[PDB]
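Engineer: So the chains spell out like this:
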Amino acid sequence: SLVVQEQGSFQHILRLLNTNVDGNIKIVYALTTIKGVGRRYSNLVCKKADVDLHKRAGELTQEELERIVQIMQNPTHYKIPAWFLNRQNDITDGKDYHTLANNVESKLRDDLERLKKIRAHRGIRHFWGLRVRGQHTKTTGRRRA
Amino acid sequence: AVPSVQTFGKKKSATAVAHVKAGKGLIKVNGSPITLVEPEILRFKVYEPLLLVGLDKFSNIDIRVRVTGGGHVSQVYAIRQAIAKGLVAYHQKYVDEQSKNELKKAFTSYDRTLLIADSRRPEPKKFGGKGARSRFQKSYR
Amino acid sequence: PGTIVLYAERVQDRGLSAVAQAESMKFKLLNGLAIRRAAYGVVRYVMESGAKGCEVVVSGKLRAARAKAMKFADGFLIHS
Amino acid sequence: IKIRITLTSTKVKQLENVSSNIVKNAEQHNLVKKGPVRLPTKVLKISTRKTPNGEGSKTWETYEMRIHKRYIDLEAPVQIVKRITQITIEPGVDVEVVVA
Amino acid sequence: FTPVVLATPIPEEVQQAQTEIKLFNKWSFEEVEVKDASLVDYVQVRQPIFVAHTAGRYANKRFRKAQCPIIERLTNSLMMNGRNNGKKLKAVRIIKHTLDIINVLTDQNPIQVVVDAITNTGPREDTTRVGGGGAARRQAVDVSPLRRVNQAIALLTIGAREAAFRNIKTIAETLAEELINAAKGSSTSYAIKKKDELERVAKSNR
Amino acid sequence: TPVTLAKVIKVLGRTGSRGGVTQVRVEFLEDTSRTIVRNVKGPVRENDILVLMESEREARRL
Amino acid sequence: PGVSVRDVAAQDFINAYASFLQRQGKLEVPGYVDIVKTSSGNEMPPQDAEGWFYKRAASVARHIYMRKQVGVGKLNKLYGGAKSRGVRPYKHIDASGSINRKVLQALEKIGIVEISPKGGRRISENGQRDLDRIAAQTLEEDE
Amino acid sequence: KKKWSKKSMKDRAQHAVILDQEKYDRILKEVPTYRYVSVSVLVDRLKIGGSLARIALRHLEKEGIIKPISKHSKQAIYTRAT
Amino acid sequence: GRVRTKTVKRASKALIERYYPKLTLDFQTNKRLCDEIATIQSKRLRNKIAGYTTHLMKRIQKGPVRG
RNA sequence: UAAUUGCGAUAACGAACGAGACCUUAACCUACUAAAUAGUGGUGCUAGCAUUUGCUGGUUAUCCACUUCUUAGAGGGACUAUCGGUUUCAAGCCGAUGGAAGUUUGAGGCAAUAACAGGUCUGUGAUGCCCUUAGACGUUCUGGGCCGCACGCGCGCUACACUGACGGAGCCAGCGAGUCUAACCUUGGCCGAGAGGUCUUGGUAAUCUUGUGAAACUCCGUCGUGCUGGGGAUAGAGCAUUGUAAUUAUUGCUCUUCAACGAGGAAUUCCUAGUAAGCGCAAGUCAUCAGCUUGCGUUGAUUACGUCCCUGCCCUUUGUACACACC
Ligand SMILES: [Mg+2]
Ligand SMILES: [Mg+2]
Ligand SMILES: [Mg+2]
Ligand SMILES: [Mg+2]
Ligand SMILES: [Mg+2]
Ligand SMILES: [Mg+2]
Ligand SMILES: [Mg+2]
Ligand SMILES: [Mg+2]
Ligand SMILES: [Mg+2]
Ligand SMILES: [Mg+2]
Ligand SMILES: [Mg+2]
Ligand SMILES: [Mg+2]
Ligand SMILES: [Mg+2]
Ligand SMILES: [Mg+2]
Ligand SMILES: [Mg+2]
Ligand SMILES: [Mg+2]
Ligand SMILES: [Mg+2]
Ligand SMILES: [Mg+2]
Ligand SMILES: [Mg+2]
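Chains as they are written, first to last, in UniProt numbering: chain W, 2 to 146; chain B, 3 to 143; chain C, 81 to 160; chain H, 20 to 119; chain G, 20 to 225; chain F, 5 to 66; chain S, 2 to 144; chain U, 24 to 105; chain X, 2 to 68.
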């Protein structure tokens with residue numbers, strides 16, 4: 002309907018959570034390149050941080066950005082019902098967490114070497130590099146590497 | 003009593019019972035006038051019995067149809083057959099054939115299935131294949 | 081008790097019964113009669129009783145290790 | 020009274036015979052009645068592989084039992100009513116009479 | 020023309036399309052005479068239809084498909100390549116948009132454009148295969164007027180489908196520029212380029 | 005670009021090993037009443053009109 | 002001349018009623034709006050998001066006027082869709098029950114629809130009154 | 024692990040999404056001399072994105088530069104108002 | 002193919018051999034009388050027999066026929 | 001001729017089975033019998049808008065009338081009918097017309113003689129013989145395995161995207177299944193994002209689930225040629241259901257991780273009209289579990305109407321050093 006000209010404050014790709022956040026495309030799908038944030042979480046985070054969803058993430062001022070990443074790193078304070086979270090009742094402290102950029106693969110490795118060092122079936126299955134969810138392995142996953 | 007006839011138009015599994023009587027001449031499709039069938043391309047397919055004979059012949063008779071069965075496309079062809087059959091059957095019972103004779107050759111020269119339901123019925127599925135004729139696949143080595 | 085009763089009736093046209101003749105062939109074979117002789121008597125009895133055609137087939141090991149089948153029949157029988 | 024007589028045979032000739040005898044019984048008993056209302060025939064399909072083992076061409080086979088149902092509504096005193104239950108019995112014909 | 024009001028409000032546009040002239044959605048089936056001979060009474064004009072959707076039967080006989088209108092034959096070839104099998108309502112809507120685009124560009128009748136597209140791209144010669152034996156050989160033959168129309172519809176719809184695949188242009192406008200170029204003759208449409216290379220093979224294999 | 009129009013007057017039969025080519029004899033509209041024999045790739049009917057890039061042809065069975 | 006919901010197109014009627022209830026803004030807000038997918042088969046929440054409780058209320062208001070009685074079970078069957086179950090083939094799945102139940106509970110509060118015998122909910126005189134006025138509004142906006 | 028092909032890549036076009044003042048007035052004089060305007064017209068031409076090709080198309084309606092003939096979704100057909 | 006079997010042809014041949022001052026070149030009256038003049042178990046067979054008799058009446062009216 | 005189907009010829013005449021005939025099913029019946037367990041119209045009560053007659057509805061003990069649509073029982077109809085060609089001018093064939101239907105009307109069921117040393121003793125308290133028969137190869141209990149993976153194949157399912165994905169609306173089927181000494185198909189109310197839980201109800205069923213408001217589809221919107229909002233494999237955390245028991249996750253759900261795949265090489269399969277193909281639904285097995293099968297419906301193409309080139313089949317003649325017969 003209406004088209005604004007342009008701002009001098011537009012920027013290309015930017016830095017949040019020590020990730021290379023792609024600009025130039027919409028904000029909901031911009032935060033999806035961060036590991037730990039998908040389509041549902043980025044849509045809800047932007048909704049609670051009262052940014053308009055139509056605006057491209059390449060044009061956004063400062064004070065919305067760290068507000069957005071504050072809701073990411075502290076979800077349950079901003080009325081997230083704790084079933085959106087990736088890592089709830091974690092393994093150590095029973096609280097509800099939402100892992101993020103360098104935490105998602107961090108919690109991935111420490112669960113695995115705990116499972117390896119506890120000598121459970123899932124640990125040695127992951128150690129051998131095979132399928133663990135009970136999939137048939139006779140005729141699938143042949144070019145595994 | 004009022005002068006009233008009733009017909010039906012058929013398709014694969016869609017039947018449209020049309021109640022044709024005398025009046026101002028509203029045409030209804032199950033609760034709603036003709037302009038709201040909503041495939042919006044087959045809408046003009048339903049106008050086809052009306053546009054072929056002129057809207058003056060529909061000024062004295064009101065038609066209400068009730069269409070069940072089939073799909074959206076098949077229900078449309080049930081209406082357009084029930085409208086032409088109901089218009090003809092009214093002119094069988096109450097007025098002269100000179101309307102009827104010019105009604106039927108107006109229909110049948112244009113599109114044959116306006117008055118007669120088509121004979122194409124589904125074939126039963128057979129074992130050894132997904133369809134009536136097709137098979138699964140053959141393997142040898 | 082009292083809801084069940086059984087009635088016994090003589091079967092009309094005893095020759096015109098496949099199940100009565102099959103048991104007639106069955107107990108004749110285990111009595112010691114020849115397979116050809118027992119069948120030919122049964123096939124003769126069926127058309128003597130007023131049939132149109134008959135056919136008795138015996139399959140199994142007869143006078144050999146290898147099994148085969150012989151088909152004794154007369155008259156005409158339809159199949160389809 | 021409003022009793023119903025429901026017939027649920029599988030042989031159509033005897034079932035139509037029993038139904039005809041019942042409706043002709045009430046006709047000479049000058050009774051105004053509901054006619055023989057004919058329910059849709061139930062087709063019981065069973066599809067099986069013809070082969071006992073699993074070898075050969077996958078040939079299937081659909082066995083089928085056709086059950087025909089018919090009910091007649093009748094309104095007469097019980098001395099009449101118990102005699103329709105006494106008569107009109109045929110092989111393979113299930114006859115049931117219920118009240119109200 | 021006479022405006023007649025009725026209990027259900029009949030729009031004027033459907034009234035004008037009814038009594039004034041039997042039309043398409045807005046197009047006329049007159050002055051659409053095919054200039055190219057030998058394809059008369061094999062492209063179907065003079066038989067008007069309001070929409071391309073008709074539940075006709077032309078697979079019963081041999082030459083019955085020639086009596087089907089060429090708009091409906093175009094929609095039937097539009098619903099191809101797997102996932103579009105069936106879905107004829109999309110095929111009619113694509114054609115309706117296509118004829119609109121053929122009206123704003125090259126402002127003549129869109130029905131006249133498609134019948135010029137059919138006649139220009141129809142291959143008049145092609146090659147069959149003789150019994151090759153050691154090596155296959157091509158032999159040039161003439162083409163029936165029925166196969167000339169059938170090849171024309173197939174070549175136009177294939178070129179539009181390939182052009183609209185994996186690019187921002189929609190199916191309606193790619194079919195429009197295929198029909199515009201085939202009516203003109205430019206060797207940039209896929210339909211014309213396949214025709215000349217088929218006739219070049221026929222010329223060199225007589 | 006000379007082209008010549010001819011009208012099919014009598015269908016002779018099928019030819020080709022797979023049967024896809026039809027022998028027809030055709031009558032030219034221009035230069036009337038001189039007739040040759042041609043081959044047709046597609047479905048050809050009586051009173052079909054053929055166009056030919058060249059008319060200097062007899063038809064031999066394939 | 003007599004106006005019914007059947008007398009006007011379905012799409013522009015629902016849009017008119019949702020905008021009317023947006024302009025009014027008095028139904029309810031359940032609390033878990035803008036977080037829910039409205040069905041198990043959906044995978045990401047409605048693209049509109051400044052509403053859709055009012056498009057849904059408008060749709061069921063017309064739908065209740067269409068039929069005699071529906072419950073929450075019939076609405077889930079209506080508003081369901083094909084669920085992309087990953088690699089496995091598509092299947093019809095039911096819609097989310099809490100939205101349609103809270104829509105009807107919100108719909109009960111204003112008085113636009115009421116409870117019924119034989120189960121479910123049913124339109125009444127005041128309910129169809131509000132439906133019939135904007136149905137009259139729906140065909141004078143063309144002028 | 025055989026491709027059985029070569030799988031050549033593309034040219035990697037760089038259509039910008041947001042416009043600027045130099046691109047803003049560019050569609051004002053250049054929308055005339057288009058005989059047919061659509062989303063695909065405004066993308067094969069100057070390199071604005073598809074979404075703004077819809078937004079600037081609706082923008083041209085409230086003032087009025089190009090005329091409608093059909094307003095179907097997924098295919099908007101628009102000619103020049105003379 | 003509409004070739005008629007010998008059961009139809011011989012039943013038609015026997016009716017022609019026996020009931021010439023009878024059924025005529027109209028199929029409808031021939032079907033309505035060959036049903037009671039001959040015990041035929043099937044309606045399809047009865048129409049086939051009555052059809053071929055009418056075809057034989059047409060052949061008879063134009064010269065003699067063999068058999 | 002689809003057909004040793006028939007015309008006919010004739011050292012053969014009269015026959016029999018197979019084909020056909022037959023049976024089932026899908027089409028037509030405003031012609032018969034009827035039908036609150038299917039409907040339709042009118043009359044009552046009542047809701048609303050316009051009010052001026054009207055329109056859209058609801059209503060089980062409000063009745064009245066009818067069977068067009070719907071279910072059946074008994075029937076009728078189609079025999080290539082009529083016409084025009086062609087053929088020793090016989091069987092027939094081709095075109096047009098009428099007809100619901102004129103590819104034996106469509107699709108099936110049944111299906112000869114002779115065989116295979118086809119498969120099955122793991123369906124059978126059908127079995128001859130051989131083996132075993134109390135630390136039994138009997139039966140039963142516990143825990144595993146039948147899923148195990150460096151690889152090779154067959155049937156398939158998702159896809160590689162704008163003829164699209166996603167979100168709102170719109171909105172339509174048919175085949176069929178369902179509780180007794182059991183606990184089935186479930187409507188409605190309530191809670192929960194969801195899966196699901198709870199209080200009830202109807203149905204031994206044309207009555208209730210169920211109009212199975214199915215899905216592809218239509219219409220508005222967002223995206224935008226980017227392995228991208230295409231695709232969702234592989235993983236991680238948690239919530240529920242079935243079951244005594246789910247760990248090598250039964251299944252469902254919520255969030256996150258987002259791999260190949262850019263249309264497929266040599267090759268190869270199925271198919272002539274409501275058919276292929278797209279799309280779902282019911283049933284089977286089932287406490288739970290369909291990417292399978294048997295069927296049903298929705299949308300619905302293109303291209304021959306031919307030939308014997310390839311692979312095969314039938315009949316005649318012919319040559320054969322072949323007979324477990326060209327392997
Ligand atoms: Mg299929
Ligand atoms: Mg493209
Ligand atoms: Mg929906
Ligand atoms: Mg009432
Ligand atoms: Mg048959
Ligand atoms: Mg056995
Ligand atoms: Mg044992
Ligand atoms: Mg196994
Ligand atoms: Mg198999
Ligand atoms: Mg959609
Ligand atoms: Mg149904
Ligand atoms: Mg996706
Ligand atoms: Mg799909
Ligand atoms: Mg199942
Ligand atoms: Mg299985
Ligand atoms: Mg092969
Ligand atoms: Mg020699
Ligand atoms: Mg030898
Ligand atoms: Mg050799």
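Bear in mind the hints are in silico, worked out from the structure with no lab data behind them.
Heads up, some of the hints might be wrong.
Heads up, simulated SDA-like pairs for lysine to any residue below, C-alpha to C-alpha not over 25 Å straight-line [what the hints assert, rightly or not]:
| no. | chain 1 | residue 1 | chain 2 | residue 2 |
| --- | --- | --- | --- | --- |
| 1 | G | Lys203 | F | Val15 |
| 2 | B | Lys107 | G | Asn95 |
| 3 | G | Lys109 | G | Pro88 |
| 4 | B | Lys107 | G | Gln35 |
| 5 | H | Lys77 | B | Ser136 |
| 6 | S | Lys38 | S | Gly82 |
| 7 | G | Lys84 | F | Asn51 |
| 8 | S | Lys103 | S | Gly3 |
| 9 | U | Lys85 | U | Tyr47 |
| 10 | U | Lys29 | W | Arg144 |
| 11 | W | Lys36 | W | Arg115 |
| 12 | G | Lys84 | B | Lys26 |
| 13 | B | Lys132 | G | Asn44 |
| 14 | S | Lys38 | W | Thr100 |
| 15 | W | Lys48 | S | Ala50 |
Engineer: In ascending order, which of the hints set out earlier in this document are inconsistent with the structure?
Structural biologist: Violated hints (numbers, rising): 1, 2, 8, 12 and 13; every other hint is consistent with the structure.
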